[PDB]
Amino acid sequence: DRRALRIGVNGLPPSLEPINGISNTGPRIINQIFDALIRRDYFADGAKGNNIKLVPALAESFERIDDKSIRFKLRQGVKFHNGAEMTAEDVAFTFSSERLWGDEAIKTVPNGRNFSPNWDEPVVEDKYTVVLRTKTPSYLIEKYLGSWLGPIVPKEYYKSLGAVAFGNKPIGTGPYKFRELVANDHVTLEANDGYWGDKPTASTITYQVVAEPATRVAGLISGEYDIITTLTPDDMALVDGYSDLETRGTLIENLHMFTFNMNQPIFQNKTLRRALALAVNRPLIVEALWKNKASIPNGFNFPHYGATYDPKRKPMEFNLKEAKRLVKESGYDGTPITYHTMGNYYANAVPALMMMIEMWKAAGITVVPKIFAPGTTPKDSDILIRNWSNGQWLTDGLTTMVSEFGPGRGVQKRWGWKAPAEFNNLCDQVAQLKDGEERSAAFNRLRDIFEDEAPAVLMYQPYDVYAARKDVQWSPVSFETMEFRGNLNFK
């Protein structure tokens, strides 16, 4: 007496552990098995899954003690999938150096330190009260606890298995309890009838991997799947032709871009990087391939940033006259510059590159594509230009301009970006700053330095497309996850 939900997915996460499973394919499963202290209410106040409002979920209420500490009064009676009651010890363990940010913890959870602020050891007050605190001032703690970092894990169960074994048999407080897993095949979650919130609407949720988009579409038409993920606006023509099925698309909080290996002699200066950025006609590419459904942000600036969003920012410059001048100043000899890309990873990555190549040709730059595979990934020295994506996972400007382009991060340390000292000093300031006039003005200067230096060139915010049966009532959210809490009704 409850319909079974079948989901055709592009793949499965490397793990089901909340932090280790963070990927394009991860959150859509992990969000059902786990809950966080704070939940993002995507559909609050009639929004289309884009609202950044943070409502209290595992924590009944929260009071900020100071610039680095928050007291969490927890919900009582919340039970994990194994029956154990969720206490402050479980919440403290979730954000402790033993599990998340310690030197030994990062061996099993590599990105535990990366996806976290400067954590300090949490303090358990009573059975349902814990104080989550950081070593340095941070006004983003609540935003970090409401992101994919948030999910609370059980202390006695996780410790007895480890981050590796827990990823194959996870236990959480979400509305769907993990049942079975077949590597690179499927994940099945049965309905958690002991859920503290609204009773689950589906009996079982299966994540069947259907690697090819055509096979995924055929499966939805045949009746094998209720919802299919990872489709492009071009695939709408076939699915929308069937009256029983429909496409439901959304502008996801991800950023398609192309970065450079600034260790190469040609890309250590900002001159040729700026020439390549100024020659790209972004509206033309979005119009031709995305059917004008993708968005072009005004710099590293997105509406989901909240107070750190400047709606009055100028759009990224398109100047062929200036791009041509920069090529003359750079002393570019005409040697073909490689562009490493996968033929089936980023949506429209190959057709967009073909268009950009003609735009770079107009500026005087010979750019040739180099198709690679996961098992044929090139070494850093073989890379000149490469396509890349950045999931803007925080409901704040910190990710990913500070997150990936800041001091000590990959773009500067691994890809040799000699960033200005002003950029790195402002990156440290915005981390500890409080949302205001000064913090918003610091992000504007960071964006201006980012466009001037051009360590990466932002192409567009992609439009992710899903396809579902009309009898399954589910609206997609603006993130690389699926929300079924009060957003899954069978007819």
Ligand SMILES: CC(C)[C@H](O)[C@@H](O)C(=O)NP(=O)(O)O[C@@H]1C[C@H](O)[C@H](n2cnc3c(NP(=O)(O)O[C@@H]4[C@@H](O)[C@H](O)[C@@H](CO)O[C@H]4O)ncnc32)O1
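Think of the rigid core as the biggest set of C-alphas that the two forms share within 1.5 Å after superposition. Numbering follows the first chain given and starts at 1. First, how it differs from the form solved in complex with the ligand.
- Rigid core superposed between these two forms, residues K413, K127, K79, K199 considered: the one with a C-alpha shift of 2 Å or more is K413.
- Treated as two rigid bodies, the chain between these two forms differs by a rotation of the smaller body against the larger of 17 degrees.
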The other form holds:
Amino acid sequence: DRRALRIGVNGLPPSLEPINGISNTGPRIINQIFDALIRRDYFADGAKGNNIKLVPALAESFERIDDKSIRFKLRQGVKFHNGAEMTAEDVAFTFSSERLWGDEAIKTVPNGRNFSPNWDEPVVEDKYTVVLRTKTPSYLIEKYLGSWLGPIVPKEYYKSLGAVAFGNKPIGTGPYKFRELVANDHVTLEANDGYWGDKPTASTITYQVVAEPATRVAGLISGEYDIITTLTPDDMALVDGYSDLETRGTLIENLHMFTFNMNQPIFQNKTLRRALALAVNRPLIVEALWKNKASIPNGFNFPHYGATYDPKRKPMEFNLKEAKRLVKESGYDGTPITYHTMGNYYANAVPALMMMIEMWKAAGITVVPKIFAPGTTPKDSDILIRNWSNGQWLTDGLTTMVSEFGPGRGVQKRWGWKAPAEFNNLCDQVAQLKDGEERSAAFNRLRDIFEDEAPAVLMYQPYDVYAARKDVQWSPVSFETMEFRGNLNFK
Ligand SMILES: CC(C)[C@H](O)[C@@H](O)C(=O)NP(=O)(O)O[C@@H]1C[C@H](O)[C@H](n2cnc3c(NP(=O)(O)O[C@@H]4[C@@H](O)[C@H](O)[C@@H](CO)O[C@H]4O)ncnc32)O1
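Moving on from the form solved without the ligand, please list the structure of the form solved in complex with the ligand.
The complete assembly is shown below, putting the previous chain first.
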């Protein structure tokens, strides 16, 4: 009786395990399978899918005890998709040393510690009461638990499988349950009619990989999909000529960027990294490819950071003359530098690259495109420049400056960035510091080092564009996810 929803996607995540699936492609599936203790109510008070309001979800209520602990009273009678009841034991397990942040845990959940605050072990007080806490003060615990770090996993089932196998056969409490997957092809979910919240409106949801955006557009037109993802503003004219189809877009809390393998000699030092940054004329790219709908941040700095947004910070400059001076200072010898991109996995990746190649040529640098196919993982040692994105996943400036670029984390450890000591000291400091003038100035000091060092170059916040049949009522949200709770009606 309920319609089956068909979504043509840019790709599938490497896992459906909540943390290992953090990516542009995972939340749209993981949000359906799981619930967290707290949900972001994107559409509260008439907001156009960008409200930050956090409301109770698997937690019926909660109260902060002190600067490092929160007591959660859980909703009773919630079931996981395998029939097991959700209790404090599952919530404690979700945020335990064993699963998330301990030495052994991070062998199978590699960013469990990197992305977490300084957790202490959860304390189970009764079947429906758990205290979540940090070893040191943290004013962000609530925000973490309402984020993509927050999905609650089933303790016994997850332990029986381990994180890798669980990521191929996930069980949660959410409105849709996992049915099947074929790697790099599709994921099918089915309605969980035993859902504790509003009943699911779709009988099944299928996420089908269609890597090429032109093919994905053609598939919505030809009636193969109900919704398609990862389009650009210029794709609106291909869709909108048809009366029964439309585009739906919004600025999302994500940053497109490019970054460097700083283990490679040409990028061991900051000079050429910063020259490449200064040579990009972002306004021109945004005009040409984005209809002026993408937003160029004034540093690693967004309005949804709230108290750590600095509206007075100056934008990063486009300065060709200075880029040229830094190319000469760097001793650049004319070697062609590759830029790897997995096609248009990121919207406008290839057109933006081709515009940037011309800007880099104007600075005296030869950059060559290396477009690779889905499922052809380039070796780290073969990467010079690559594109990437970072979801700005708390309403706080700590992410992703600290969570990606901080001490011991991926950019420094895997990709070789030799950050100044003071950068790493500031990263550690801001995690214990309450919002206020001092925290805002510390983030500006981090941003200054980040700009000087250029371990990555921020391009813009994309204007995310989906296309859909008008007979499917669904609004996008300002994040790299799809929300169907209270937001998916057919006809
Ligand atoms: C599991 C392994 C055993 C296996 O060998 C293989 O899967 C593998 O090679 N894994 P490896 O780690 O080497 O990941 C490879 C190496 C390379 O960095 C690439 N990559 C990483 N992030 C990706 C990205 N993120 P995204 O832009 O969609 O999502 C970002 C996310 O990366 C980021 O953490 C988050 C918060 O900043 O924001 C998201 O938007 N989008 C497309 N490609 C991505 O895949």
